[PDB]
Amino acid sequence: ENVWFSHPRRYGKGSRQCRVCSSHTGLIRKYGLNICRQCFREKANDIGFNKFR
Amino acid sequence: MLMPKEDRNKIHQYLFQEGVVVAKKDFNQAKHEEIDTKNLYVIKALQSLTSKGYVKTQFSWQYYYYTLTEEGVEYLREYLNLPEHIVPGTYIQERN
Amino acid sequence: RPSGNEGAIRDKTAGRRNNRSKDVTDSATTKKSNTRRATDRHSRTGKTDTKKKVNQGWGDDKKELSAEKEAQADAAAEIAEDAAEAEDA
Amino acid sequence: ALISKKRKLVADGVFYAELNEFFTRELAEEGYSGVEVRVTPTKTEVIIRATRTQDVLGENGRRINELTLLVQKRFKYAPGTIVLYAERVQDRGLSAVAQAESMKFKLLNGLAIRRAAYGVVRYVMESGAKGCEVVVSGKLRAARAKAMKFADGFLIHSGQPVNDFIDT
Amino acid sequence: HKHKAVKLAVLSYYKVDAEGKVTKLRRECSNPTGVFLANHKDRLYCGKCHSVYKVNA
Amino acid sequence: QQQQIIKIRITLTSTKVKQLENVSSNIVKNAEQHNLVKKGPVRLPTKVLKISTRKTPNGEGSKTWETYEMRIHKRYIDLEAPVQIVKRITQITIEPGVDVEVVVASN
RNA sequence: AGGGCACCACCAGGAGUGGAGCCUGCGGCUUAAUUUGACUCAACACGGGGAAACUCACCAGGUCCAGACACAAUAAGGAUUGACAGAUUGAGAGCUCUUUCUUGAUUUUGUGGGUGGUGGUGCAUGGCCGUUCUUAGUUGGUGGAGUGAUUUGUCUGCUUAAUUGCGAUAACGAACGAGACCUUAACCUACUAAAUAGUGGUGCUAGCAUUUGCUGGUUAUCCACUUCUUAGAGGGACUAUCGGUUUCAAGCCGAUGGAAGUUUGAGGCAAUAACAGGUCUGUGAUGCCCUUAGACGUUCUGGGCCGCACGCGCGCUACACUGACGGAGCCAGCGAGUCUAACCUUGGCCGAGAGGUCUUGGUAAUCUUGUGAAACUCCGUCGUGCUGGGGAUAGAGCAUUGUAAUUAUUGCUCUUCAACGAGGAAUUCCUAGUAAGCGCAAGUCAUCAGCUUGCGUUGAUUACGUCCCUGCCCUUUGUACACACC
Ligand SMILES: [Mg+2]
Ligand SMILES: [Mg+2]
Ligand SMILES: [Mg+2]
Ligand SMILES: [Mg+2]
Ligand SMILES: [Mg+2]
Ligand SMILES: [Mg+2]
Ligand SMILES: [Mg+2]
Ligand SMILES: [Mg+2]
Ligand SMILES: [Mg+2]
Ligand SMILES: [Mg+2]
Ligand SMILES: [Mg+2]
Ligand SMILES: [Mg+2]
Ligand SMILES: [Mg+2]
Ligand SMILES: [Mg+2]
Ligand SMILES: [Mg+2]
Ligand SMILES: [Mg+2]
Ligand SMILES: [Mg+2]
Ligand SMILES: [Mg+2]
Ligand SMILES: [Mg+2]
Ligand SMILES: [Mg+2]
Ligand SMILES: [Mg+2]
Ligand SMILES: [Mg+2]
Ligand SMILES: [Mg+2]
Ligand SMILES: [Mg+2]
Ligand SMILES: [Mg+2]
Ligand SMILES: [Mg+2]
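Line by line, the protein sequences are chains A, B, C, D, E and F. Under the working numbering, the residues of the first sequence are numbered 69 to 121, in order. Under the working numbering, the residues of the second sequence are numbered 241 to 336, in order. Under the working numbering, the residues of the third sequence are numbered -6 to 82, in order. Under the working numbering, the residues of the fourth sequence are numbered 2 to 169, in order. Under the working numbering, the residues of the fifth sequence are numbered 103 to 159, in order. Under the working numbering, the residues of the sixth sequence are numbered 247 to 353, in order.
Be careful, since some hints might not be right.
List time: in silico DMTMM-like cross-link candidates among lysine to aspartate or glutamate, alpha-carbon distance up to 20 Å [to be verified]: (1) D:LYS107 to D:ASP13; (2) F:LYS296 to A:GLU69; (3) D:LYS7 to A:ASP114; (4) D:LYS74 to B:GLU273; (5) F:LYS296 to A:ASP114; (6) B:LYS271 to A:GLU69; (7) D:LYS107 to C:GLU61; (8) D:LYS107 to C:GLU57; (9) D:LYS9 to A:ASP114; (10) D:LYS150 to C:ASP81; (11) D:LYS6 to F:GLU267; (12) D:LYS74 to B:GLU334; (13) A:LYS98 to D:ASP13; (14) D:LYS147 to C:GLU57; (15) D:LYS150 to C:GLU57; (16) F:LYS262 to D:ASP13; (17) D:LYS150 to C:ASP54; (18) D:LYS105 to C:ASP67; (19) D:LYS107 to C:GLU71; (20) D:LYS105 to C:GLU63; (21) F:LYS264 to D:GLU31; (22) D:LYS150 to C:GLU63; (23) D:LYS77 to B:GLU274.
Computed Cβ-Cβ distance ranges for the label pairs, DEER-style [what the hints assert, rightly or not]: (24) D:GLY154 to F:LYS301: 40 to 48 Å; (25) B:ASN336 to C:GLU80: 26 to 34 Å; (26) A:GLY80 to F:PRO303: 40 to 48 Å.
So these bits of chain B aren't anywhere near chain D, every CB distance computed over 10 Å [as the list claims (entries may be wrong)]: (27) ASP247; (28) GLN253; (29) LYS271; (30) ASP276; (31) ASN279; (32) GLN287; (33) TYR294; (34) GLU311; (35) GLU318; (36) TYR319; (37) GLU324; (38) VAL327.
Hints were generated in silico from the structure; no laboratory data involved. Heads up, the beta-carbon is just placed ideally off N, CA and C, and yes, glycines get one too.
All chains should be modelled from the sequences, with the hints used to inform the complete structure.
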């Protein structure tokens, strides 16, 4: 009942966030991950993205 | 501010009739899953109950898990005016 | 009275030919020059931190007679309770 | 449910990595060492490697009915289509995750670092390991940070056998 | 800021006893929540009717 | 209920190859003892999911990168199976870490 | 001082960059703001930082409390809430007033205590990462020397990519690091096969020219095979063999064989010690401090990061004939992709073009997609002219995305056609499918690539050396230095 309080959030950096830490920049969107580039390196091995070469 | 009585009860009944509530760290969501009230209301009724004991709060990847304590449920029996100590709410309820 | 975008078209000394006549200051040919890091090892706080404050938190070499001879004991007692909680009683 | 295999495997890798950190936080004081999720039809069951299992199950299903209702509500599982099981970590002194949480409840409860580290290093060696190394960094009554390794045994730092043999 | 909330009795009815029957005007209408709203200046405060409210008292 | 070929395909997708080809061997071993005719484990090309990030969390240092790789291995086995005895011996011991889907067709 | 090592050093060369025009980052200047962090290598197309809103931290203005909880007043004679229209306001914010309804211990007002903060401190810190250093270095057991700190081992020489070994030996025998290991690429006419890959007949057709060449089609409307492809399990190379040299060592070089004889190519991992390297602005990592309602919280509207006398960095487009244009030939590889909703898009139609519309296939070895990609090749037109090279600037119109395109988001069609005639001082990268030319996919992405991470196409010159320059390492010497020449 308070019309004034929102704006479009349907495209761009503010439309999405990291699902861990709510950051907007550095977000990895590949394979539907929605995890920033620093939380992904924390969580690479227990997602399955191990590193070989 | 004013969160009305029919919104606070339906938060409080569900925490008695489920025993845990999850919520999201995303305000202005305005309707909780499984409760007919705002996501602002369920966070701030259960941040309120956490301060007076009664609820243990965990955050864990943006989604606000709340677990009821033992001193919490005995508050919610004199609040919601249930029969005395018959219904436990609701961990050991149906299959035990 | 006129102000804003209407006065900008009729303002004098605004525009490229006016600014090209004015020479370039020597602040445009400068850099940070290490951002005050030539004295990084020589600390600018000036503590020379005491022996007592480092020895009493981070261990002292004169107590290693007492240090490991108890840390052997609880580790052995942690073994002595881990096997005891395996399938005893 | 009409989702690609590149997406469905990654999403299950994210559901694993979320419950790893959730049960890290919620089951911290009960010796959680790992979670194991088995994707079967008609039910998924959550296997919890908790060293002291007897309080994870709580009393009479409390704290295991609760974690059942917790994971079925965040991830929106249907009621009864997920169940949680707690089985205890054997060879407990060869798990770094259970021993990093053990040293955490040494250092917060008020025990010195040299007594805590040699407590858990020589627990690892007396529990049957080839090598152990505890590195503690931070500040302890001194402003300037220092690090000290408490290494006893035998370690290999280079190559694939880091991945084969070392719990970090 | 907000209303002074005068310590009021029932308003917008004339009386009950005064010579010698009920004197209460504005015969009943279709609004249940019949009832008196806020009249400022030839307009009344529409609060209940969700879509249609066509009366300008 | 009486020994009719159903033309079923079991597709098996899994990150780890040893646990995947364990079940793709057991699907072969199950259908070589019921004497069922089968097109065997057809080894689809390995999906390699590569993600390149800068090493540093901030923007300092040399420009150094990781390649975090997920390998997806996939197989399918075609079958023509008497359904009730084969569905009895396939739904049992579902393997974790291997995703298995069973599709029938009308061909 | 001696001796080593390395195209982040040189030699011999290649290709550049520095000169020009733009693109972007930095400093500065300007500004309401032009948010900031980072300043030799290790700051500067770096923060994945290609910012119209959001991001956003900055600036000009407006909301809201999302101020938990405890205690005391205020209250049910109502503590408080939300509003119609007008004023007000960018605002269709009851923000606030006029107005008079609504509403009901959910509050209001203070004192504590919290919450929040992309606010400060990377000189309080964790974690991560950069550099030393991709260097070869590090350590204990017993024995020897020394009162001892310590030392010898762990080294004069030769070799190696390597403290890699051989050898010398008061040391002997080992451990971490190097290597082994793991991944990827190159071989397998040997196995296991497959309509989600092909090949061969033809079950079976059906075409064109013909008398078999090129085709198009069906796998209980066929059968067979695995060479090609895939991926399981294996095999292969170990410098094999033979010569030459070496202390007949360790090795190195040549030849032959071989898929491979540069650690087979290339990465991943990578010790001990650190640096006052960076990051508090990645996190609900965090101590302490600052603020907390007239906010540094959050949100809304608009601006700003892009503002332009200028200095610098990485680049993109060229100076043309080994080249531009037009036609024609026409060939890859790594990805990604939608109902857990609008993604990759074939085909048809409309349009110069951009694009539009009607359908379709695909959750993908199945469809986009043979990604019919670009350089390249051939045949034409040009003809040494700043020219038909170059396409900067600038004008006019048409589309797309988006709530919104102005300071041009981008594309399209016409026009304008700037410097630039191969670049002082200096300086970067590089030893074989490598340099370089070429473009494609992914990332961020609603739109925007002169950017990066890969990928394939085309594919040379020059050396298989050295300490000459630079940087690093070790030994000897010196020291009145050990917050260790800051
Ligand atoms: Mg950022
Ligand atoms: Mg060891
Ligand atoms: Mg080793
Ligand atoms: Mg190695
Ligand atoms: Mg030269
Ligand atoms: Mg230039
Ligand atoms: Mg600026
Ligand atoms: Mg700073
Ligand atoms: Mg960039
Ligand atoms: Mg804004
Ligand atoms: Mg914060
Ligand atoms: Mg802020
Ligand atoms: Mg020794
Ligand atoms: Mg000795
Ligand atoms: Mg020595
Ligand atoms: Mg083959
Ligand atoms: Mg520092
Ligand atoms: Mg510093
Ligand atoms: Mg707000
Ligand atoms: Mg910028
Ligand atoms: Mg630069
Ligand atoms: Mg041409
Ligand atoms: Mg192809
Ligand atoms: Mg011209
Ligand atoms: Mg933009
Ligand atoms: Mg792109």
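Checked hints:
no. : hint                             : result
1   : D:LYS107 to D:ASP13              : violated (35 Å)
2   : F:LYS296 to A:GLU69              : violated (47 Å)
3   : D:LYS7 to A:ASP114               : holds (16 Å)
4   : D:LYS74 to B:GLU273              : holds (9 Å)
5   : F:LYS296 to A:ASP114             : holds (15 Å)
6   : B:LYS271 to A:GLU69              : holds (13 Å)
7   : D:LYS107 to C:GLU61              : holds (15 Å)
8   : D:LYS107 to C:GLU57              : holds (19 Å)
9   : D:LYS9 to A:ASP114               : holds (15 Å)
10  : D:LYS150 to C:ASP81              : violated (36 Å)
11  : D:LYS6 to F:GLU267               : holds (18 Å)
12  : D:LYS74 to B:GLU334              : holds (18 Å)
13  : A:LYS98 to D:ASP13               : holds (15 Å)
14  : D:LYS147 to C:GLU57              : holds (18 Å)
15  : D:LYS150 to C:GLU57              : holds (16 Å)
16  : F:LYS262 to D:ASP13              : holds (14 Å)
17  : D:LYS150 to C:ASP54              : holds (15 Å)
18  : D:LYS105 to C:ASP67              : holds (16 Å)
19  : D:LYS107 to C:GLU71              : holds (13 Å)
20  : D:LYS105 to C:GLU63              : holds (19 Å)
21  : F:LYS264 to D:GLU31              : violated (33 Å)
22  : D:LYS150 to C:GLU63              : holds (19 Å)
23  : D:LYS77 to B:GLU274              : holds (11 Å)
24  : D:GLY154 to F:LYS301: 40 to 48 Å : violated (30 Å)
25  : B:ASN336 to C:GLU80: 26 to 34 Å  : holds (28 Å)
26  : A:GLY80 to F:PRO303: 40 to 48 Å  : violated (23 Å)
27  : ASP247                           : holds (20 Å)
28  : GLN253                           : holds (16 Å)
29  : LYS271                           : holds (15 Å)
30  : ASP276                           : holds (16 Å)
31  : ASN279                           : holds (14 Å)
32  : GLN287                           : holds (18 Å)
33  : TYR294                           : holds (15 Å)
34  : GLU311                           : holds (14 Å)
35  : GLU318                           : holds (21 Å)
36  : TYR319                           : holds (21 Å)
37  : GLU324                           : holds (20 Å)
38  : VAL327                           : holds (15 Å)
Comparing the model with each numbered hint stated earlier shows that hints 1, 2, 10, 21, 24 and 26 do not hold.
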